[PDB]
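The chain contents come next:
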Amino acid sequence: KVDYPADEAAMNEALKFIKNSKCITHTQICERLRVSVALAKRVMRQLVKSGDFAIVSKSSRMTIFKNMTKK
Amino acid sequence: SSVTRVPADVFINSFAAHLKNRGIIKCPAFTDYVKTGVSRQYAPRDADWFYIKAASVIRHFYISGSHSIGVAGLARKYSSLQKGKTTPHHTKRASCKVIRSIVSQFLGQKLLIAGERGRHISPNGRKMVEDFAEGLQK
Amino acid sequence: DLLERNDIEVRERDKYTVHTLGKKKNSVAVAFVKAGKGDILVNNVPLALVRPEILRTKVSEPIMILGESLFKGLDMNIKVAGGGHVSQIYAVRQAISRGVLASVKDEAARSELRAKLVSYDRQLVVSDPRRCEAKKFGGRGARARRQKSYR
Amino acid sequence: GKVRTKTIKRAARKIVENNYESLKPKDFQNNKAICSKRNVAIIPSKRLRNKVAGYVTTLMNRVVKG
Amino acid sequence: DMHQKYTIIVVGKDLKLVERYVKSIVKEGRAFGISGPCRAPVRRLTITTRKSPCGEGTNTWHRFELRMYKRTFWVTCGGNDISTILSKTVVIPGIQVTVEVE
Amino acid sequence: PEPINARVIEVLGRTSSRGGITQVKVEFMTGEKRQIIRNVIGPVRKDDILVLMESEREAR
Amino acid sequence: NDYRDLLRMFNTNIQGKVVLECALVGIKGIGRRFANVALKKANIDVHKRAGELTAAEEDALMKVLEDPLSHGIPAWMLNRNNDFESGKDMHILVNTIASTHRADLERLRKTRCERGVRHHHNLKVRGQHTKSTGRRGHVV
Amino acid sequence: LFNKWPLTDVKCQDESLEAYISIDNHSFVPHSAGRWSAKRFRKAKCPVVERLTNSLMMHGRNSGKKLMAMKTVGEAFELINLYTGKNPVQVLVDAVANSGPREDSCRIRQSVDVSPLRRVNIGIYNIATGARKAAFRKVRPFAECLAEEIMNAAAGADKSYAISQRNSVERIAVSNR
RNA sequence: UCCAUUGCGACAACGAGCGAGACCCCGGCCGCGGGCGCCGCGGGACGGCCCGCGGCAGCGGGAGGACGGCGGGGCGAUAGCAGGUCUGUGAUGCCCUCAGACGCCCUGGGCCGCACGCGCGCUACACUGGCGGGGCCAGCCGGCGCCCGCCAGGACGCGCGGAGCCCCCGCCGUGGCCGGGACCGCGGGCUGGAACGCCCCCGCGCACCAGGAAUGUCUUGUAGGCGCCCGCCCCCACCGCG
Numbered sequence: 014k015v016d017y018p022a023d024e025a026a027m028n029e030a031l032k033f034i035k036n037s038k039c040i041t042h043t044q045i046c047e048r049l050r051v052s053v054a055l056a057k058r059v060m061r062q063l064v065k066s067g068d069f070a071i072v073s074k075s076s077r078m079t080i081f082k083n084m085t086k087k
Numbered sequence: 002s003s004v005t006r007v008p009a010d011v012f013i014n015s016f017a018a019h020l021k022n023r024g025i026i027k028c029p030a031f032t033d034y035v036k037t038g039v040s041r042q043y044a045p046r047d048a049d050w051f052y053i054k055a056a057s058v059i060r061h062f063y064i065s066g067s068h069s070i071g072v073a074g075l076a077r078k079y080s081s082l083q084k085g086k087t088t089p090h091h092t093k094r095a096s097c098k099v100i101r102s103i104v105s106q107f108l109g110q111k112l113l114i115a116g117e118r119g120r121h122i123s124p125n126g127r128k129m130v131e132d133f134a135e136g137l138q139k
Numbered sequence: 008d009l010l011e012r013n014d015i016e017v018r019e020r021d022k023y024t025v026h027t028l029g030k031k032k033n034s035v036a037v038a039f040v041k042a043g044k045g046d047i048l049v050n051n052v053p054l055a056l057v058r059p060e061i062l063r064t065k066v067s068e069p070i071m072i073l074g075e076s077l078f079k080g081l082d083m084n085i086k087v088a089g090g091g092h093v094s095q096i097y098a099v100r101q102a103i104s105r106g107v108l109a110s111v112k113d114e115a116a117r118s119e120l121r122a123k124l125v126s127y128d129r130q131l132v133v134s135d136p137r138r139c140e141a142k143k144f145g146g147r148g149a150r151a152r153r154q155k156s157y158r
Numbered sequence: 002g003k004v005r006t007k008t009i010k011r012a013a014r015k016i017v018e019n020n021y022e023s024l025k026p027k028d029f030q031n032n033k034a035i036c037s038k039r040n041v042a043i044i045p046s047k048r049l050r051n052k053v054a055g056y057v058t059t060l061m062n063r064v065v066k067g
Numbered sequence: 020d021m022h023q024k025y026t027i028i029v030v031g032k033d034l035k036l037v038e039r040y041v042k043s044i045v046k047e048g049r050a051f052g053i054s055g056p057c058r059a060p061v062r063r064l065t066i067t068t069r070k071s072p073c074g075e076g077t078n079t080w081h082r083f084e085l086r087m088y089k090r091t092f093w094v095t096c097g098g099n100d101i102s103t104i105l106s107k108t109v110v111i112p113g114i115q116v117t118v119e120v121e
Numbered sequence: 002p003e004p005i006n007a008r009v010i011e012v013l014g015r016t017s018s019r020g021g022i023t024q025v026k027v028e029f030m031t032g033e034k035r036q037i038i039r040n041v042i043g044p045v046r047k048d049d050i051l052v053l054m055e056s057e058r059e060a061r
Numbered sequence: 008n009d010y011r012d013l014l015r016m017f018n019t020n021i022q023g024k025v026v027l028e029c030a031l032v033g034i035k036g037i038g039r040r041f042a043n044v045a046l047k048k049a050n051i052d053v054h055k056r057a058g059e060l061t062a063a064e065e066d067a068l069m070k071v072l073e074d075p076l077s078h079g080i081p082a083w084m085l086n087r088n089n090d091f092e093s094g095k096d097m098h099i100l101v102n103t104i105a106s107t108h109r110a111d112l113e114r115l116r117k118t119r120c121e122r123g124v125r126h127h128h129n130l131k132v133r134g135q136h137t138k139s140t141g142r143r144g145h146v147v
Numbered sequence: 007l008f009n010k011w012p013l014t015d016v017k018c019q020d021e022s023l024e025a026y027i028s029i030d031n032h033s034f035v036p037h038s039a040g041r042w043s044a045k046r047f048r049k050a051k052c053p054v055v056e057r058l059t060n061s062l063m064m065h066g067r068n069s070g071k072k073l074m075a076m077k078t079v080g081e082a083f084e085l086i087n088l089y090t091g092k093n094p095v096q097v098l099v100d101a102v103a104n105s106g107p108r109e110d111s112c113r114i122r123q124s125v126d127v128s129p130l131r132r133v134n135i136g137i138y139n140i141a142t143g144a145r146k147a148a149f150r151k152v153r154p155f156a157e158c159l160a161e162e163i164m165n166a167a168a169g170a171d172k173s174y175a176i177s178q179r180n181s182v183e184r185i186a187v188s189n190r
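Residue numbers (PDB author numbering), protein chains in the order written: chain Sc, 14 to 18, 22 to 87; chain SW, 2 to 139; chain ST, 8 to 158; chain SU, 2 to 67; chain SX, 20 to 121; chain Sg, 2 to 61; chain SV, 8 to 147; chain SF, 7 to 114, 122 to 190.
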């Protein structure tokens with residue numbers, strides 16, 4: 014219902033949580049963690065900047081992201 | 002060929018970035034506080050919109066050449082629906098002042114030259130478009 | 008915009024060996040074909056880029072199906088006028104296919120390719136008879152009518 | 002499907018009564034060509050003339066078996 | 020020589036009365052070099068009126084069309100020869116043949 | 002229990018009194034291949050294959 | 008990684024959850040003239056995520072609100088144009104806009120115009136057809 | 007299919023629905039504008055992927071937008087590929103068989126058997142109806158939900174809306190057995 | 001049997017007619033002749049062929065073919081009915097008001113008044129969406145230039161030109177929120193003799209989170225979704241006809 018737009025110390029916990037996945041959409045993070053999609057969007061822009069993820073499809077509405085190896 | 006052989010967005014985005022650094026166009030503040038047209042409720046949220054719109058204006062002028070479009074007709078390609086009323090939505094038009102200013106800046110740069118009736122793209126402008134498309138032609 | 012005397016006379020000089028017209032929904036795409044660079048040009052732009060992007064495979068449907076052999080060594084100055092988007096994309100594909108059938112010219116492969124063309128998808132060769140409808144009084148639609156108050 | 006009307010039907014018999022050899026059992030174009038010989042059989046409109054020929058083709062087909 | 024291209028614009032509502040006049044223009048001007056007919060795209064005058072004089076009942080509308088036919092020819096010939104052509108061409112009452120000088 | 006596949010040989014007619022239901026002669030797909038009548042909703046043509054959970058019930 | 012929540016801007020609480028330009032559209036519920044922008048001209052970008060805004064930025068926005076004609080904010084924009092007594096362009100926000108609404112309805116009351124009659128008779132002076140408007144409203 | 011999903015080993019186990027799901031003619035994308043509705047059973051040989059992309063276009067606000075439906079199938083079929091590691095086309099061709107009831111009730122209420130076409134027709138219809146509801150006022154995308162319904166059904170779950178619908182037609186059918 | 005009193009078959013009936021159909025209009029396709037402009041005339045498709053099942057009329061299927069089995073309209077029998085219209089007419093019988101007029105003009109107001117109940121609609125209730133820019137696209141059939149103006153529009157010119165949905169990229173992120181635009185406070189314009197009419201701009205952000213008993217319309221370029229044009233018009237379409 015209510016989400017944090022704004023992760024603080026838990027941004028690394030989120031990074032570990034998103035790295036703890038097989039694939040994800042920024043909307044899937046919004047369901048899995050109580051985060052606005054916009055926060056999740058920005059967070060995953062640098063998740064592929066850290067290079068631990070990859071785009072499968074990119075569309076304006078939705079982009080599917082599969083973590084490169086992360087195994 | 003060339004500029005039409007290139008996708009529109011990449012060419013419009015790139016040429017726009019070049020205009021700001023080059024000093025071509027130089028946006029007017031009095032027209033930079035306004036919405037593109039009556040059909041827009043909110044004014045552009047893309048920051049330097051004058052530059053990107055100007056890039057597109059010279060991309061249409063290039064294709065037209067013989068047609069010699071005026072300020073109002075080229076504004077029509079930026080027309081949108083007017084929404085938010087109990088009455089059904091109607092397609093309106095973009096603001097001419099933004100486009101008159103853009104054209105006058107291309108005309109002063111001599112990229113555009115006037116014609117009887119509407120203004121058309123001049124060889125200095127024609128080469129600028131041809132060269133930029135040649136810049137990213139793949 | 009279609010059914011006009013300027014079909015594709017935009018080309019100045021430029022005599023072309025083969026001509027074909029593919030049409031769908033008030034849209035005429037007329038291609039001027041000559042042996043050229045294996046290049047397909049519609050609306051002055053290359054075949055690779057067209058406006059309905061998820062329909063690009065359709066605009067190039069027999070490039071994969073018939074075989075690039077005929078596609079290599081061919082220049083197509085297609086122009087589409089009329090319709091909206093999908094109407095134009097089905098009409099370019101119809102025009103491109105018929106132009107290549109004419110390009111074989113005398114070997115019976117025009118018959119064999121038409122046999123292949125009717126197999127993967129007919130309409131690559133034949134016209135889509137479905138065209139449009141007429142509004143009639145007593146309804147916003149043609150078939151649809153207005154609401155009855157007292158049954 | 003399409004049900005032949007009394008004009009498209011009585012005339013067809015009148016054509017097979019007068020002419021026998023000229024029309025053939027499965028020959029629409031021939032049956033349309035015989036029925037189109039001006040005064041010998043006059044049917045205004047191809048649509049009526051084509052419909053007559055189709056019924057003549059069906060009647061001619063019926064008579065050849067028996 | 021007072022030689023001018025002479026415009027000939029024909030308007031007939033009746034396609035067959037107008038189409039026969041097109042044959043007439045061609046024959047008389049065969050000698051004076053009449054032009055092949057550039058048929059105007061048909062202009063349809065369309066009026067839709069409710070069939071009911073009193074507006075009651077189911078809505079029934081009358082679709083009424085005046086399908087005027089205009090055909091244009093141009094002749095670069097003598098004014099006396101243009102005049103012979105107007106006398107020579109069949110006179111169909113209710114058919115408008117109009118001449119302008121270019 | 003486990004459903005038994007069957008195959009229509011012909012569609013005798015339409016029933017239901019509202020239309021929309023059909024009488025089909027079905028032959029079980031395998032083994033003894035019992036040919037018994039069946040009642041089916043939805044569009045059915047000859048040679049279609051249906052799996053009947055009930056199996057024993059017979060249409061008239 | 009940084010945020011502040013409700014701002015006490017003009018007797019309102021602006022959530023840090025909002026994207027700032029959309030957030031200040033509600034100032035005490037009444038009187039925004041910024042028209043969803045025109046505060047970029049005073050100072051910061053559209054997506055300052057609301058909470059991020061510093062006290063320094065707040066005073067600059069607050070300054071533009073008191074002096075509207077200073078940052079490209081023209082007389083074509085602004086909440087109030089020639090005032091019936093002031094005769095100057097102005098921007099009225101929060102309690103003040105509603106207070107000035109009372110002042111104009113008092114004017115219509117003294118002037119006893121048709122609009123004044125309808126304003127005390129709870130009727131619509133603008134929406135022409137009142138035969139079939141307020142159903143369930145059950146009002147005179 | 008979409009230039010990413012092949013069409014070679016994808017078939018269905020059910021022989022009752024063997025002819026009805028078309029798996030040998032999918033076009034490169036599911037557009038193929040055709041008069042499938044015309045003629046009685048020409049709809050059976052329509053590609054299952056163009057039968058699904060047509061089903062999503064329902065409720066008017068969403069009517070007619072085949073392109074917005076096509077990207078919704080490719081987003082769903084891209085999501086399925088990653089999660090299930092098997093061809094996404096197969097999951098739809100498997101789900102259609104699973105979502106299909108084998109018994110319905112018509113007054114003649123009385124138990125009847127659904128024809129192969131109906132088991133396919135309701136099966137695709139059910140797949141989209143649930144996804145449409147499970148994405149109406151929720152943040153989750155219609156495409157993400159479309160992927161789950163399409164997959165849960167294939168493996169077989171009463172969690173899936175299409176099966177929770179199948180299951181009940183067949184419990185109502187067992188009442189009128 | 002049919003779409004059909006459309007035909008078959010039986011049969012004191014046998015033949016005809018009118019209505020049905022045919023015809024007319026437009027559409028898809030081929031050809032001919034012309035071409036300020038695609039626009040004149042001819043073909044073509046007939047349940048023809050094939051396989052079943054039928055004495056049969058036809059009843060399913062198969063191709064071939066732009067086109068397939070009544071394509072999308074016009075026209076419309078015999079009778080009707082106290083349907084509607086005397087307020088469309090120099091259509092009209094009767095009472096005919098007829099000059100302090102029920103004639104005919106001018107001004108002002110109403111026809112739009114609103115405790116309410118209903119019919120046709122429109123816009124909604126959003127993430128298949130709103131909000132920004134980037135492409136691009138019609139058809140009925142189609143004018144623009146330039147300058148000033150945020151706009152709406154205005155001045156001065158000439159002979160001429162085109163949608164939205166959709167797509168592409170950002171953004172909001174489930175919050176009655178940037179969903180929704182109802183009401184109301186300034187203004188700026190337009191058209192006219194004159195707003196009360198409309199447009200625009202900055203506020204202001206109502207209900208409504210999918211609708212009870214019921215009730216409507218609909219079979220492929222269909223429903224729906226989306227715009228555009230015209231009708232009537234000083235101004236103005238949530239309407240109608242396209």
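What the hints contain is simulated information worked out from the structure, not anything from laboratory work.
One or more hints might be untrue.
Unchecked claim - Here are the computed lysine-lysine pairs in the DSS-like style, where the Cα-Cα straight-line distance is at most 25 Å:
| id | chain 1 | residue 1 | chain 2 | residue 2 |
| --- | --- | --- | --- | --- |
| 1 | SF | 72 | Sg | 47 |
| 2 | SV | 131 | SW | 36 |
| 3 | SU | 52 | SU | 38 |
| 4 | Sc | 14 | SV | 24 |
| 5 | SV | 47 | Sc | 57 |
| 6 | Sc | 65 | Sc | 86 |
Violated hints - listed by number, lowest first: 1 and 2
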